[PDB]
Structures are given as C-alpha cells and as structure tokens.
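In structure tokens, the next block holds one chain alone, the form deposited without the ligand.
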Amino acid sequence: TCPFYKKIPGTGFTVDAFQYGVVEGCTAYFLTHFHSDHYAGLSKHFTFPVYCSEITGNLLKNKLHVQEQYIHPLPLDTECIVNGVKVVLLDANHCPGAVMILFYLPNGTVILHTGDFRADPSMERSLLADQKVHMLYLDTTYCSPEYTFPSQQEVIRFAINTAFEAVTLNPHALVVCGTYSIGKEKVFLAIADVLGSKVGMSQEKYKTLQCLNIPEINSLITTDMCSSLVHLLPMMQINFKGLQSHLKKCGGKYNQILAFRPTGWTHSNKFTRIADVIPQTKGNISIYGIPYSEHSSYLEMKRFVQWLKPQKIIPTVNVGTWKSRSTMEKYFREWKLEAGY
C-alpha cells in the first residue's frame, strides 16, 4: 500500500507513487525525477496523467515508452494549475530534470516536496522566498552529522587534475567512468573536456543522454569507442576483473586504466580530505572512489530547513526503522531551538 509520506493532503495527488497499482482517489501522479526507486511501476500501459519536468517527460517517452497523451510536462519557475490546484516546479540540484514541487492548497496551506535534492543557498532566492511554507516533505538521505562531503566543484577539480596528470605521463592510458543511472554527468564530461576527447559509451546510454537537453551534447558524447579515450561502463564492471576484461577488448590500443567510481559518501570522509584520496591499485589498473554527492550534506540540509522554518517536517528517506526516525526527529528539534523557536 502507498505510504502516507507519498500522499499530498487535501488534493487528489501522489508523489513518486507508481509501484502500488491504482491508488485510491489519486487523480494525478507527480514524478520528481527519473531514478528507478521513484519511477518503479511506469510503462507503456500507464493511462493516468503524469506530471513532471520536460526532461523527465523525454525519458518517460523514449526509455519507458509511456504514451505521449498521458505525459504532462511543466516548465520550471512558473505558476501552473493542475486539477484546480496551483503548483510550481523548482530545480532540485539533484540529477538532470529533477524537481521540487510547491503545492498551494485551496484552504491556504502551502506544501513543499523536495523530491531528492542537494540543498543550496541559491534556493533561498527562488519562488520559495515569496510565501510561508507550512509542511515540508524532506529528502533526509544524509540526515546525521557524520555526513560531511566536499563541494561538487572541489571533487571535479580533483578528478580533472588526476586524469590530466595520468594521461600526460602515459598517452596510452585509458580513463573509465562508472555509471548506473542519470546524474553525475559532470564527472565524465569535465574529464573528457580536459583531455580533448569525446566520451564513448553504449547505444543505450547515448540514447539516455540525448534525452537531457545538455547544451552541445553531440559535441561531447559518442558511440564510437575507438575514437574516445574516456569510456563509460556500467558501475558493476568497475572492479579489477571487469576492467582487465575491457582492456583486452581494446586490442592493444591501451596499456593502463585509470577508473572513477563517483560514490555518494565513504567513511574515508570522516577521517580524510579530498586532496588526500588514494586509489586501489593492482598491476596496471587504478580505481578511485570519489565523494560526488547529489544529496544534501547534514550541514546543507540544516541550513535550508532553518531558513525555510516549516511548521511540520515529514521525512521521506530512512523512515523504516524506529531508531532512524527517532534520531531525525531529535535533530529537527535541535535545529528549531537553535533558531529561537
């Protein structure tokens, strides 16, 4: 059955609720972003209205084959009316096409659903700033003070500098980047840009990236693996066996692999700095795990919530255990008291 935290009170709406069959009294289904835990259940046989961003709509049509007559894309930062309720889609700073949703209830209640997000001070100057928000449905993935990570900018500088050094020392080294979903495209695009190369990948991945409205994408990506010295592979293949196998398939064009896994967090963050990250190495293969997050750190989340000052907070992640629920509630109370309420 559909959990309470995917239901929007006083409306016919659900959010990211496609795996529960037909939901009782749901007149419109919202999808915040194209990640499988959120879209699970959608297909060509879905015949209810789906509301989403333009990019999410492109992916629904082309990857899942949802019929166009049931896809309702909305522009960002624009007041729209859906089944008689005013809504706004805001950029979530997660993966391409990911949104937060503002709902203005007929009775005057205002609700923000963050979907998945990485909180940023730039959000403090969107349409959020223009009215009080009463209820917040919050992405609490990393809601604990141990979750510190660097900026995306610092992590990308590290990856660019590491790749440029390696390939300048050895022109016969291949760079490989792991992927298993949309998001974190900057990792492989910034590396390819510093090496003067296109990124090579499967036909299926190339199709996915063509759905994203990235400027000048025909200029950065390719299915011609032979022309490219940055290759994308499934995340499952980023290990010594998988990479040894790939190197054999390149026909003696390359004699070394430098590979990146762009993981969310790793307990190395609790001890170590970004400058101090080191690879796992075996023979002519090195694997770097880099802390590229598309979710809020604890401090970023805290700042957003103390700025917004909602009346009620409803977590949407880590809700399955009493210990996690209790821990999150205690942090919310701390944040409230520190702000003076």
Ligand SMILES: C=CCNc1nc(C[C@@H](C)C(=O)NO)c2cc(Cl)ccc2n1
The other form holds:
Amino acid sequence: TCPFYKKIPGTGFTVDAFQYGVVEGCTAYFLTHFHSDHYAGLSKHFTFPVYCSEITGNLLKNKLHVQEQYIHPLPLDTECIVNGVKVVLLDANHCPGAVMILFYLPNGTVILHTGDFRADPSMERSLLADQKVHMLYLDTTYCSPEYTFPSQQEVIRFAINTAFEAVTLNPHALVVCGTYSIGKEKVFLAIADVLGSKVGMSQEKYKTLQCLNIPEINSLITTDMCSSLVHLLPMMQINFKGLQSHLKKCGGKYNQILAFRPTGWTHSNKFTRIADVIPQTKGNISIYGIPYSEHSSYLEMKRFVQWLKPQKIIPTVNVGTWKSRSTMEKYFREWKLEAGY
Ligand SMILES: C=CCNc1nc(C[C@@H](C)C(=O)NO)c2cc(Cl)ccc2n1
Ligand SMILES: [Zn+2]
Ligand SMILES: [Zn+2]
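For comparison with the form deposited without the ligand, provide the form solved in complex with the ligand.
Everything in the complex follows now, all chains and molecules, and the chain you saw is the first one.
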C-alpha cells in the first residue's frame, strides 16, 4: 500500500511509488532519481507514463529496460505541462539526474517535492525564488543536529591529497574506490584526474556511467583494468579480504592498495575532523572511510527550509516511529519560530 507522502493531493500524480503495483487513478508516475529505494518496482513490464530527468530516463531505458514509449524525460528549470498540471524539475544536488519537483496545482496550491537532495544556497536563486510554497515534501534523512559532515569539496580535497601523496611516494600503489549505485562519482573521477589515470571498472559499472551525460567520459573511464591505477569495486568488496583478492589479480603489478569507502554520516563525524581521518591498515592495504554525503546536513536543511518558508512540511524519510516523527516536528516548529514564518 502506497503511503500518503508519495501522493500529490489534487492530482493523478505519485512520486517514487513504483513498488505498490497499479496505484488507483495514478495517471503519471514521477521518479526523482535512479536509486533503488525509489525506483523499486520499475521493470520492462511497466506500462504507465514515467516522468523524470533525461539522465534518469537513460538509466531506465538502458539498465531496467523500460520501454521508451513509457519514458517521459523533462528538461530542468522549464515550465512543463503534465496531464494539465504545470510542473518544473529542479536540480536536487544529489546523484546524477536527481531532481526536485515543483507542482502548480489547479487550486493555486504550490508543492515542492525535494526527492533526495543536498540543500545548497544556490537553490535560493532557482525558480523557487519568491515562489510561495504551501507544502514541502522534505528529504529529512539527516534531520537532527548531530548530523554534521564536511562539504563535498573538502572531502574530495582530502581524497585527492591522500591519493596523490601515496602514489607519489609509491608509484606501484593502486587506488580502489567502492561504489554501490550512482552518485559520488567525483570521488573516483577527481582521484583519477590528479593521478593522470583512467578509472578501471566492470562492464556493468561502465554501462551505468555511460548513461550519465558526463562530458569527456570516454576519456575518463575504461573496462581495461590493468591500464588503470584507479579501480572501482562493489562496496562490499572494500575490506581487507576482498582487497587482498583484488591484489592477486592483475599479476604482481601493484604492491600496495589504498582504498576509499565513501560513506554517509558516521558517529565519528561528531568527534574527528576531515583532515584528521585515519585509515584501517593491514599490511600493504589501507581503507579510508570518507563522509561524502549527497544528503543535506542538518544545518543545510534548516537553512533551506527557513529560506523557503513552507506553510506545511511533510517528511519523506525517518517517518517510521513516534519518536522520529515528533522530533522532526519539534525542529520544524523551532525553525519556524526562529525565522518568523
Ligand atoms: C543513510 C543514508 C541514505 N539512506 C539510504 N540510502 C540508500 C542509497 C543511497 C545512495 C540513496 O541516496 N538512495 O536514495 C538506500 C538504498 C536502499 Cl536499497 C535502501 C535504503 C537506503 N537508505
Ligand atoms: Zn537517493
Ligand atoms: Zn533515497
């Protein structure tokens, strides 16, 4: 059964609601981005209109084999009409192709659905500027003040510097980056760029990246593993055992692995600083867990909400317990009282 926060009242619209079979009276299924917790249910057998970004549609066609006649890509930052309702897609600053959706309801109500997003001040100079928003469907993944983490730029700075130093000190070192789905591509792209190398990866991951409209991507990635000194592996293989096995392959070409495990928030964030992160080490293998987030920190979320001044907030994450729902409402009221809306 499709939960309430996935329906747009007054429309035939659902958002990220593909695992509930046919939704009665849904005329258009919006997909904010291509992460499995959101497209769960979509497959080659889906027979209803799917509205999404261009990049999301490339992945639907190529990775899930959805039929083109059901894929409706929409440009960003453009007033479009879907089943008689004006809609706009806005960059969510999440993973490639991820959008927020603005709905202009016939009764004059305006709804912003953030999908998943990492709130940024640049969003305050999008089409949202001076737009009254009556309801906000808010990605509340990290809606609590202990969720602090550095900017994405700071994490990439640390990763680039760490990789460049280890490979400059040891030209026979190999850099490995773990990946689980799309997003966070800058970690391995930026490392490879500073090392003057391409990124080696499986055919399946190569295929996925070829859907992301990344400029000059053919110059950056390859399936030729052993011509590259940055390798991508499934996130589950980023452990001493999995990396020891990866070191045997490619035949005594490398004598050291430095590996990066991009996480979200972890408890050691409210304790250490990004410059102070140290790896787990076993022999010639080191594993760095780096807090690269594509979700808003608490402070980023609070700033965006206080700027937008929505009349009502519907959280879309952490809604499962009485404690989590009421804590989030308490923060929403605090923000409203502090900002005056
Ligand atoms: C804790 C942080 C986010 N939480 C989360 N993240 C993901 C994938 C990430 C990449 C995403 O941003 N997805 O939208 C999940 C994937 C599945 Cl399959 C199930 C639960 C999931 N929870
Ligand atoms: Zn996501
Ligand atoms: Zn998500």
